[PDB]
Each structure stands twice: as C-alpha cells, then as structure tokens.
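Next up is one chain by itself, shown in structure tokens, the form deposited without the ligand.
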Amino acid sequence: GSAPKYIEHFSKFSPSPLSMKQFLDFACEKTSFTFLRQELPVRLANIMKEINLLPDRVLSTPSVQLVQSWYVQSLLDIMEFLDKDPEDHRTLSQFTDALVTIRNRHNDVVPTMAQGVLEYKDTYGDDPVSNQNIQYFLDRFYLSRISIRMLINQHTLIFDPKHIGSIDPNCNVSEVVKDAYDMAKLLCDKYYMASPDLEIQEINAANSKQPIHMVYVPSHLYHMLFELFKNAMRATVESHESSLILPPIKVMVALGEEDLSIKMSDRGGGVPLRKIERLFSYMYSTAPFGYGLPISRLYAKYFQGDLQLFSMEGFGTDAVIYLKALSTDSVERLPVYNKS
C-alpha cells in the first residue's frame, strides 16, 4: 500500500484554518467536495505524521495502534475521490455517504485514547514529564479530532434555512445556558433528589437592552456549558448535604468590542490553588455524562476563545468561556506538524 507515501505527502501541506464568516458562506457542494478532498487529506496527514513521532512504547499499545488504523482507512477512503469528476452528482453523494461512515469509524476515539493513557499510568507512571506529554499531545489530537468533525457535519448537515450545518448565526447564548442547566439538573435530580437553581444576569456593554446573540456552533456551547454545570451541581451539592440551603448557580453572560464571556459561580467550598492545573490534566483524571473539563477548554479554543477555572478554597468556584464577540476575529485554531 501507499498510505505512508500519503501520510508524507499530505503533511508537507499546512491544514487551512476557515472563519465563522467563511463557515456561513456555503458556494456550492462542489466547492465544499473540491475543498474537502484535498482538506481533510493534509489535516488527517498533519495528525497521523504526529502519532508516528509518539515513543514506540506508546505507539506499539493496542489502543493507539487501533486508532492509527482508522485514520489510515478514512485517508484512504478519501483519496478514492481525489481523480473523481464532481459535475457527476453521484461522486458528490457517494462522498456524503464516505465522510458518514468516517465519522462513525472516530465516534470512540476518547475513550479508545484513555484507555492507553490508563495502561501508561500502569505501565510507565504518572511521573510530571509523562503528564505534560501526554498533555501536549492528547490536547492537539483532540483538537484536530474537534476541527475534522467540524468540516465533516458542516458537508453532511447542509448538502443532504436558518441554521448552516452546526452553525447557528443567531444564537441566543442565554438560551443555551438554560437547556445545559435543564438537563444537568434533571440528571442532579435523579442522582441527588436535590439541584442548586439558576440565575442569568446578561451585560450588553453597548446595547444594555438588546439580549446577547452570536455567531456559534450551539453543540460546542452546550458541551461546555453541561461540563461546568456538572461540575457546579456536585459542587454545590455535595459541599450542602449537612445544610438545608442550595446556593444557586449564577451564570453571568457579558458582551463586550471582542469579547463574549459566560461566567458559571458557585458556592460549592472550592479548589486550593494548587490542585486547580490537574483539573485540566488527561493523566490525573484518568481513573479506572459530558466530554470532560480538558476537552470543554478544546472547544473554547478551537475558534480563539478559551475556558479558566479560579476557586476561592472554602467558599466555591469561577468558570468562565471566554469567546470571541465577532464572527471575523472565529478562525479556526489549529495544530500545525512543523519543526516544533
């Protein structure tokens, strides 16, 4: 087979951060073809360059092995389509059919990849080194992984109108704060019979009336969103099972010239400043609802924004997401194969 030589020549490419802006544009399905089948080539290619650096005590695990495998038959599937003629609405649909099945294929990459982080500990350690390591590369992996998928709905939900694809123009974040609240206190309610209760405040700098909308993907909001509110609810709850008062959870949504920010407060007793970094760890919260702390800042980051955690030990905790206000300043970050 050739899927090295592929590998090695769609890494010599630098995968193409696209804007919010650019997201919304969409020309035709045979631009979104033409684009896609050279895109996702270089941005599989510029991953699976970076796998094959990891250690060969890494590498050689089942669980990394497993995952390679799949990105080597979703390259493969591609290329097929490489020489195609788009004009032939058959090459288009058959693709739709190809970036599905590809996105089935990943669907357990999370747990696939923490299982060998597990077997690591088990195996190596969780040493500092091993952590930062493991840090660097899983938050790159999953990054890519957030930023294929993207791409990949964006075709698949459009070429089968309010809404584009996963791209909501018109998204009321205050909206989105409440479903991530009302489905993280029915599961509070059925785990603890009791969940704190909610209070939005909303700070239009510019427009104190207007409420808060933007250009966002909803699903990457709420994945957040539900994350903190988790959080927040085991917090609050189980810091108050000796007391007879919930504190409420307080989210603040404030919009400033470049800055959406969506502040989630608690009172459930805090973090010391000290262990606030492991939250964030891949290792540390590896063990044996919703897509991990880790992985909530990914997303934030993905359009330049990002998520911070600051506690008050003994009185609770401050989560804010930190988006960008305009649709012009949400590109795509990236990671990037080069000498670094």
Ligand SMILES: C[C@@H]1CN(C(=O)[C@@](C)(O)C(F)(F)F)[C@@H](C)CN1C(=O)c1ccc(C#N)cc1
Second form
Protein chains: 2
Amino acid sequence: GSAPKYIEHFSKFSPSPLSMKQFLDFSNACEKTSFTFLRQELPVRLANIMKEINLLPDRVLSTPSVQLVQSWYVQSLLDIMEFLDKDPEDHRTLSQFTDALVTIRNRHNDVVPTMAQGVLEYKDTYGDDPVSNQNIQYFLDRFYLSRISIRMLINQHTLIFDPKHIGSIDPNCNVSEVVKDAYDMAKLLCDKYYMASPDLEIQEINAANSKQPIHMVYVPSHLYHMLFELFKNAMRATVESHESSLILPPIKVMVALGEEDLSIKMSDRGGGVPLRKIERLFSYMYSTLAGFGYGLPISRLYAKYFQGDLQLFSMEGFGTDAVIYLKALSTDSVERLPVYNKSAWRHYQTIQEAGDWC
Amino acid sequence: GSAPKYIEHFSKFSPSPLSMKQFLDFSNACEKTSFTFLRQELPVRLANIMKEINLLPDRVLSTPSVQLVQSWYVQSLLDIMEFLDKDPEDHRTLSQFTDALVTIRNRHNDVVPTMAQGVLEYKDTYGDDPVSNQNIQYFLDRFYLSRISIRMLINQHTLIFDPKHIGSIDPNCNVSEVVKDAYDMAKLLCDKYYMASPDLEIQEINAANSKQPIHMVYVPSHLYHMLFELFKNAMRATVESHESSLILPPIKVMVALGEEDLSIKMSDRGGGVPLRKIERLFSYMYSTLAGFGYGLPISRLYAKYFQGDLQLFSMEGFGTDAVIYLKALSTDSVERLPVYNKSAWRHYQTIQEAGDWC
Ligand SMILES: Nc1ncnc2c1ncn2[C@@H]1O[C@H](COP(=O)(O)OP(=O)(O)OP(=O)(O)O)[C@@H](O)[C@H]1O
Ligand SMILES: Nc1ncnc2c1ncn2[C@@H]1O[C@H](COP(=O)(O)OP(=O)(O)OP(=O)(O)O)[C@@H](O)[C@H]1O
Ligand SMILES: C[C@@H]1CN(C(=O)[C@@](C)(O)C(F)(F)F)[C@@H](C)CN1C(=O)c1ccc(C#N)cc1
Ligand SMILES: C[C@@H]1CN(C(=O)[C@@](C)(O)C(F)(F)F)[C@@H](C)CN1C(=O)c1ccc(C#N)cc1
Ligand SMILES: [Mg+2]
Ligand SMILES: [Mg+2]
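Switch over from the form deposited without the ligand to the form solved in complex with the ligand, please.
Entire complex below, previous chain first.
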C-alpha cells in the first residue's frame, strides 16, 4: 500500500540520458555495475512516467485502458524495488534481477494495443477535437518515448548478461543492408496481399569518403522497424495508385552521410498526399499491410529517441518522400527523454477556444 | 491627437479574409464598391497590427525602429480616414483615394530593412536567446503577413483603377514559365558573381490531365519572388560546394498538380544542411546573392498568405529540396490573416525557464 509513496520519491529524480558511446564503452563489464545503476534508474523512469499519468484528467484515468497499464507499471516498480537493499557479490542476487527484468518487459508487451483502445474509447466517449487530439498526442508521444527508453535499458542488460554486438547495439551497422532487409520483408508481405510489388533502388552518398560503404553505431532493430514501416506505406501507395496502369515505379532509397547527419530518404510514386492530410498522418487519434501499427508516429519516436527525426513531404499527384534523420556520430547519439517538471505540467492546461487566426 | 482612439475602434473589428475568386469575380466593377470596402477594411487591418505592436515590451517599443514604423502606420491610418464621411459619385473623391493609397504604399516601402535594424539592436542590446527569438519570430511573422495582405488590397485597387490580368492576379498563370523567369534572373546574378552557374531542368506532373500544361489562378509576382529567392540559395550552395570539382549539377524543379495542391519542388546538390541548422534558416533573429532578404522567412509568408506553405528538407552531404505548396483551386486560395484576440495576447506571455525535456 505504498506505491504512491515510491512514485513520489523517485519522481523527484530526473532520468539520466545515456549516450550510445556510454553503451558501447561497456560479457561482464560487471553487471553489478549495471545492477546498481538500473536499481535506481528504472525506478526513476517508471515513476516519472507514472507521475505524469496520475495527473491526467480522471475521465482518461478511469478507463480500464489507462488503469490496466497503470497497474502494470505499479507492479513493475514494486517488482524492481525488492533489490534496493540487496547486495551484489551474490551471483544469485543479480540473476534474479535479470529474470525480474525479462518478466517486467513481457508484462508490458501489449501496451500499444491497450492504449490504442483507450484512444478509441475517448474518440467515441468525448469526441475528436483539435485540443483533445493535441493533449493525447502530447501524452502518448511522451509515454511511448519513455517506454522505448526503459525497454532499451532492459534489453541492454538482459542481452549482455544472457565480439561484434553490444546488446542491441551494432557498432558497425551497415545501413544499406538493413534497408535491403526491411525491404525484402515488406516485399514478401506486399506480394502475398497484392501479388505485385515495386522494386528497390539504393544509392549511397558518403560525403567525406566517396566510396566507402556507410556504417554507423546504432540499434539496428530500431532502424529496421522504421524502414520496414516506411516500406509498407510506400508499397501500398505505389501499388494502389497504379492498379489501372501497369508501369509500377520503384521505391528509391538514398543514404547520405554528412559530418553530423546520417540521412535516409525513401522516395515513392504512390500518388502522394495533400499537404493538409500529411499533418494528420502522425496523429494517434486521427490514425485510429496497414491497420495495427501507429506506424508513423511510433517510427518517429524511435528516430527522435537518439536525437534523430522522421519527416514526410509529399507532392500530391506524384509521390512521397519519407526521411529518417539520424546522428552520424556516437557522441551525438544521446537518449532523448521526457521529464516531469512544472514545465511539462502546463502543457495539459490547454484551454483553447477561439484562436489567434481568422 | 486621436490615433489611440481610432486604433481602439477599428481594433474591435476583425479583418475580412478574401478569396482569390472574390478577387477574380471582380475596369470599373465599380471602384465605388471598392472604395467603400477599403475605407473600412484598411483601417481594420492597420489598427489590428498597430494594436498588436502597442502591446510589445516597452524595451522593443522604445527603439527608433519600431517607433518609426509605428509612426508610418499612424499616419497611414489618419491618411485613409479623411474619406470616412466622403461620398463616392464624386469622380474626384475616389481619385484622391487612389492617390492616397499610392502614397501610403510608398510610405512603408522600406519596412523590412527598418525592422531588421530593430532585430539587430535587440540582438546586441538584450541577447539572442530561444525565448526572445520565439517572440520576435511570432511577432515578425504576423507583422509581415499583415503587411503583405494590406499591400495586396492596395495593389489590387491601384492597378485595376490605374483582359488577361485582374490587378496582380493572373487567372491563367503558367507556373513553369514563372519558374523559367525566376531561374533566368537568378542565373544572371549567379554568373556575374561566380562566373559559373548550374543549369535548369523542369518536369511537370499534371495528375488529372497528363499532358496539359499546368496553369493556376495566382499572384505571379508572389510566385516569382519565392522561386527567385529559392533559386539564389540553390545556386549559391551548388556553386560553392563544387568550386574544387568541375562537375556542377543542375537544379531540378518539379511542378505537380494534384486535386487540391499545386506543388513545386526545387532540388539541388549544394551539399545540403545539417537538420539542426535547418530550423534556424527561417529565423529572423538568427538570420540577421545573399545578405539582404529575410529570403526564406518572407518567401514562406507569401506561400502561407493564400493557405500554402514553403518547406525545406536537406540531406547533409548531398543536397536540399525546397518545396512550395500552393492551393490548386481558387476556391481554397483564401487570405490567411493574423488577428488580435485574447488568444494572440497569451503568445507573448512566454515565461520559459527550464523546459519539459532533459
Ligand atoms: N508513402 C505514402 N504515400 C501515400 N500515403 C501514405 C504514405 N505513407 C503513409 N501514408 C498514409 O498515411 C497513413 C499511414 O500512417 P501509418 O503508417 O502510421 O499507418 P497505416 O499504414 O495505415 O497502418 P500501420 O499501422 O500498419 O502503419 C496511411 O493509412 C496512408 O493513408
Ligand atoms: N539550398 C540551400 N542549400 C544550402 N544552404 C541553404 C540553402 N537555402 C538556404 N540555405 C542556407 O540558409 C540561409 C539562407 O536563408 P535566406 O535565403 O533566408 O538568406 P540568404 O540567402 O543568406 O540572404 P538572402 O536574404 O538574400 O536570402 C543561407 O545563408 C544558407 O546558409
Ligand atoms: C552502468 C550504466 C548503464 N549502462 C548500460 O549499458 C546498462 C547495460 O547497464 C543499461 F543499458 F541497462 F543501462 C551504460 C550506459 C553505462 N552506465 C553509465 O555510464 C552510468 C551513467 C550514470 C551513472 C550515475 N550516477 C552511472 C553509470
Ligand atoms: C469590394 C471587395 C474587395 N475586393 C477587391 O478586389 C478590391 C480591389 O477592392 C481590394 F482588393 F482592394 F480589396 C474584392 C475581393 C471584392 N470585395 C468583396 O467581395 C467584399 C467582401 C466583404 C464585404 C463586406 N462587408 C464587401 C465586399
Ligand atoms: Mg503503415
Ligand atoms: Mg537567400
């Protein structure tokens, strides 16, 4: 009966953003070192997102939606405290942590669909107006970013403490190869459903080293996710906008490496989208191969997670360019985390009613 | 000694956004009709932007900058009132209005450089921090949009009341031709300064009518301005990023006509720009062939003026895409005007100090 106390406590600390080099410059760089770090950090991150949740209108709070998820977090917080007074050295005290993490990770595995159900409930219970959309957008973006950051920590621990890969991090990720894979997987799905699929063209632009293949330090599963989701969209649009013609244009991808950005552009000729609807494509509310996801909004969070971004620009009547912006240097790849402050509080005080433009 | 009274009065009305068809569906569709309309509308628009100005920190207000501009507006407001009690019918009462407009237009001809000087004063007098930049950005965007809308009305009147063109509006503007012209003009300047210039390639994509040339109802001088400024940028970047190589890639432009958007993409290989600096490119504060302008921020306002937009996306180490989004239908081309309300008031109450992200 002390969850509200714990939350209040760790909710005072701010989460510690880690850089990808800190992840790399790390089997047995001591997990005691990780154990003692995660015992404090996970509780701080869990509490911060839980603190935010609790200050949500009760009309959002009371839904089985938010309450169920909010209950998983309460149990995960309690789940990880058991170790606050423990002591490493005991090769058994830290093997119960690893199991404790795998159990917590799986306990939250179905959050996205669960939260999506609360969005739907809200849409039909109170309506879908710009303000409620902005508030939901603001909240889900932070909530999901927070979740991604917690899952990164956990996966880093479980994978490292079960050469080349350091957990989920590839210090020599060959971007083009990940592109190829996300593409092949997308093609397979596209072929089964439409029995026709667009081809792939890839071009690299290594600014400083003209011919060297483009490599980077990154979390490949994350990159794959983004590319795979973008490929599904481009394929759908290309195929559906050409079912009456035969010509089926290719999806072109360009990978450019600059002094600080590593950019990936995916170009299609799927008819494009009206500038006015482009804005709504990243909306959880308005957006509730295709159908499950929260493909774009969540792919974007993955890009932002390490100071990157994911932007879309279309040319109605022609095609769309989807661009993934990542940091080229591991020094600049630092976690982007949302924090609870007096600052984050007033973003929920939106009292909109008659704007500044006519 | 009654300017503060007038301002307070017309500041109660909201400006009336006009659509491009209303401009088109109009020598002598009666200027009496225009005279009586402009007598009320100009004062409403002048007063609204003047009302906004007056609520600016006194530390901005007191600068010779804002005070000089603020004095021109005071005189223009008074300049146009003289006609409030007049009576048309008198072919002389409305010819003094036309002269009164030409005189007011020229009285404000050097606002941009004047305001730019206040920005500079501010930069050195108080510093260039994110908040002051946001406030200045918010204010100058609205101030300049307002000015563009007033100048549109005035030019429509003076030109119509000195076939094919209805004032500054071309009901059959051949986009590609304007592109060609802005390009030729840019090339000439580029050749003189760098004695080398990139070529031009144009491609059209008329969705509904595959081969028909792309035409639209628009204000060509506005389109020219945007294209010309974008061409200068692309030329500079292309030339300067290839002074050590010989190959000099072309600037490619694509014009796409969709059901509601008319999009113009200008692609270059001028090395591109880091995603992080792209954001600052449209900033008046941080941004104070090249040097005078306020090229991007103001070209953008022209795009937004009729519900369009102007976006930039780069690929550091390769090139940049600048896109102009315009409404394809004259029905959707309605003035975008900034208005004074309790809503516009609280955008200046930015008390930022420690954000919501760590
Ligand atoms: N390249 C594209 N061309 C045209 N429309 C696109 C493109 N990418 C996305 N869209 C539009 O934006 C919406 C999709 O965003 P998103 O990827 O988030 O969801 P989805 O594809 O519908 O389902 P899923 O969750 O699987 O992704 C699409 O439903 C489609 O209408
Ligand atoms: N296509 C481009 N490629 C690379 N950098 C660009 C491009 N377009 C703009 N920029 C950058 O953004 C800045 C320019 O914005 P803007 O056009 O507003 O001003 P300017 O060219 O410097 O002077 P001017 O007022 O004449 O336009 C440039 O100074 C340049 O650094
Ligand atoms: C041990 C911590 C956390 N860590 C890890 O890789 C993991 C496997 O433990 C995990 F991903 F799960 F987090 C590195 C970023 C190094 N590291 C630090 O550099 C660190 C940062 C801040 C502090 C403090 N105070 C202590 C250590
Ligand atoms: C006469 C007004 C203004 N007008 C003009 O073209 C000009 C030349 O007068 C100018 F550009 F300077 F504005 C058209 C948009 C038609 N028009 C209207 O359609 C209108 C709109 C609202 C009202 C009102 N009340 C009256 C008329
Ligand atoms: Mg999708
Ligand atoms: Mg310029």
